[PDB]
Amino acid sequence: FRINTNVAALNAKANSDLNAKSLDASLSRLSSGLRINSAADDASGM
Amino acid sequence: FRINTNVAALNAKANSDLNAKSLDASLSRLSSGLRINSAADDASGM
Amino acid sequence: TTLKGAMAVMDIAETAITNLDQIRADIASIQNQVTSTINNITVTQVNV
Amino acid sequence: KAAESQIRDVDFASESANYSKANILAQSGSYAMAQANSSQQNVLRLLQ
Amino acid sequence: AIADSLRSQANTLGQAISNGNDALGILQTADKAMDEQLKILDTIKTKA
Amino acid sequence: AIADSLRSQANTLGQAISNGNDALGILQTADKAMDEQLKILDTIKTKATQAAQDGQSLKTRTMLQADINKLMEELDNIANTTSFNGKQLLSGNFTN
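Protein chains in written order, with the working numbering: chain G, -1 to 44; chain V, -1 to 44; chain Z, 74 to 121; chain A, 77 to 124; chain H, 144 to 191; chain L, 893 to 988.
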């Protein structure tokens, strides 16, 4: 209930950013048409 | 999640541009009826 | 306008065809190199 | 004349396959770009 | 400082892409022009 | 005392996050650059296979070799060019 250090805001921001990362990755896969674009997600696969 | 530098847009644009290049090449082959039109896809074949 | 002249012209035409093939192949190699450069720069620009 | 055709001409069998594949990929890529441009509308809910 | 170096590099690469596309245009022009010379030389040899 | 220690730790971690993001940028740049060298090597091998037939004279094998020359020049160009802000990534001086 102490203000100037909103913690729920920081937690929600962390979660939302972690989700936007996966959204971006999925959209890049949808665009390129490949499951391994950057070769950072499957070394031996690549 | 920072705006004014959309990265997914640039990525999708690059991928779609490469694909449009491939589509244009395939259509030119389909039109002319030759596998080597510009002689830049196969030099010794030409 | 003469026989042996005609055959000589045949040989010269064959040579000319070979020469133009060589020059066109040089052009083609340069073009492929430029294409690869353009692809790599297009990717690196997005990353930067 | 047949050996030259084997090198020069294209086989519409494979060419139409390549063309249709590239066309479906073009539609998919255009959809992906249209979604990527819009993927940032959610920020306005923060500001409003 | 890092952001300015990266912005300079991004602009420079964006211009280098246009340079590469201009080089592609020039080379394609040259090659498609050589094609007709090849056909003409063929005709010359056949006439000989 | 504890509050200042925790504030120092929070600031240090907030800067470490940016350090990690910069490392991610550098590594992604390097990898997405190296992809094109992979494709170029594929093309070189294909051209060598194309020249390995004996329906081709020396004058056409020479065109194959001239093409491979330019492609390898491009490979070297990518390797010696990809850099972040002077730090050459794909050259060999990015160790440790």
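Just to be clear, a hint being listed does not mean it is correct.
Listed below are the simulated DMTMM-like cross-link pairs for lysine to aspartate or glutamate, each with C-alpha atoms no more than 25 Å apart in a straight line [what the hints assert, rightly or not]:
| # | chain 1 | residue 1 | chain 2 | residue 2 |
| --- | --- | --- | --- | --- |
| 1 | L | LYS951 | L | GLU966 |
| 2 | H | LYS190 | Z | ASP99 |
| 3 | L | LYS979 | V | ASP22 |
| 4 | A | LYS97 | Z | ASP84 |
| 5 | A | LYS77 | H | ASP147 |
| 6 | L | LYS939 | L | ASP896 |
| 7 | V | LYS11 | V | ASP40 |
| 8 | L | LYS931 | L | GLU965 |
| 9 | A | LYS97 | A | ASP85 |
| 10 | H | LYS175 | Z | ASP94 |
| 11 | G | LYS19 | G | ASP40 |
| 12 | L | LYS951 | H | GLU179 |
| 13 | H | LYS188 | A | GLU80 |
| 14 | L | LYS939 | L | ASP914 |
| 15 | L | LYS924 | H | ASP147 |
| 16 | H | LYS190 | H | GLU179 |
| 17 | L | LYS951 | V | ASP39 |
| 18 | L | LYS937 | Z | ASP84 |
| 19 | L | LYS939 | V | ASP40 |
| 20 | H | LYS190 | A | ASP87 |
| 21 | L | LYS951 | V | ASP22 |
| 22 | L | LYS931 | L | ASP896 |
| 23 | H | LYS182 | A | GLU80 |
| 24 | L | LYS937 | L | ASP914 |
| 25 | H | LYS182 | V | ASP15 |
| 26 | L | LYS979 | H | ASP147 |
| 27 | L | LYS951 | L | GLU965 |
| 28 | L | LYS931 | V | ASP40 |
| 29 | H | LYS188 | Z | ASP99 |
| 30 | V | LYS19 | L | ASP896 |
| 31 | H | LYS188 | A | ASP87 |
| 32 | L | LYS939 | L | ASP927 |
Listed next, with one range per pair, are the computed distances between beta-carbon atoms [claimed, not checked]:
| # | chain 1 | residue 1 | chain 2 | residue 2 | range |
| --- | --- | --- | --- | --- | --- |
| 33 | G | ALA38 | A | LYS77 | 44 to 54 Å |
| 34 | L | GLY912 | V | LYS19 | 31 to 41 Å |
| 35 | G | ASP39 | L | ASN969 | 22 to 32 Å |
| 36 | L | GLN948 | H | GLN180 | 19 to 29 Å |
| 37 | H | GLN180 | L | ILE936 | 25 to 35 Å |
| 38 | H | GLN171 | L | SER949 | 19 to 29 Å |
| 39 | L | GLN980 | G | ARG0 | 26 to 36 Å |
Hints were generated in silico from the structure; no laboratory data involved. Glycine is no exception: its CB is placed at the ideal position from the N, C-alpha and C atoms.
For this session: Return the numbers of the hints above that this structure violates; sort them in rising order.
Result: Per hint list: 2, 3, 4, 5, 6, 7, 14, 18, 20, 21, 22, 24, 25, 30, 31 and 39 violated.
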